[PDB]
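Apart from one protein chain that is not included, each protein chain of the complex appears where it belongs.
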Amino acid sequence: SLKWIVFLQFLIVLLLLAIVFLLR
Amino acid sequence: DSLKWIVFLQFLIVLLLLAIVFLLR
Amino acid sequence: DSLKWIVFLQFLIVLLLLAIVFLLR
Amino acid sequence: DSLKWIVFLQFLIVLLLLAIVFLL
Partner (left out) sequence: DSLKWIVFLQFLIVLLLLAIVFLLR
């Protein structure tokens, strides 16, 4: 489960990067 | 247990973040 | 317990993202 | 000490999301 927790954290960071890019 | 709920909630968060990206785009 | 608090705060994060989605529409 | 910091950072994330909700 920890592997998937870390992987989904990766995904969340990438999506937040997309959101910050769109706001800019 | 707790970790399964963490994974499920993180998946829900991913879906919601995708929805926010779609709304912004 | 740390894990229970993490799960509950994850649930709150899900609620907050839902509220953000509602506000964006 | 990792779990303590994870809980604290989750709390910070909740606070920041609340700030964003108020701003919106």
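Letters A, B, C and D mark the chains as written, and numbering starts fresh at 1 in each.
Just so we're on the same page, a contact is a pair of C-beta atoms (placed from the backbone, for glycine too) under 8 Å apart; a residue touches a chain by one contact, two chains touch by 3 or more.
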item: Absent chain, residues of chain A that touch it; value: 2-3, 5-6, 9-10, 12-13, 16-17, 19-20, 23-24
item: Interface with the undisplayed chain - residues on chain D; value: 2-3, 5-6, 9-10, 12-13, 16-17, 19-20, 23-24
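Throughout what follows, only the chains that are shown with their structure count from here on.
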item: Euclidean distance of C-alpha centroids - chain A vs chain B, Å; value: 10
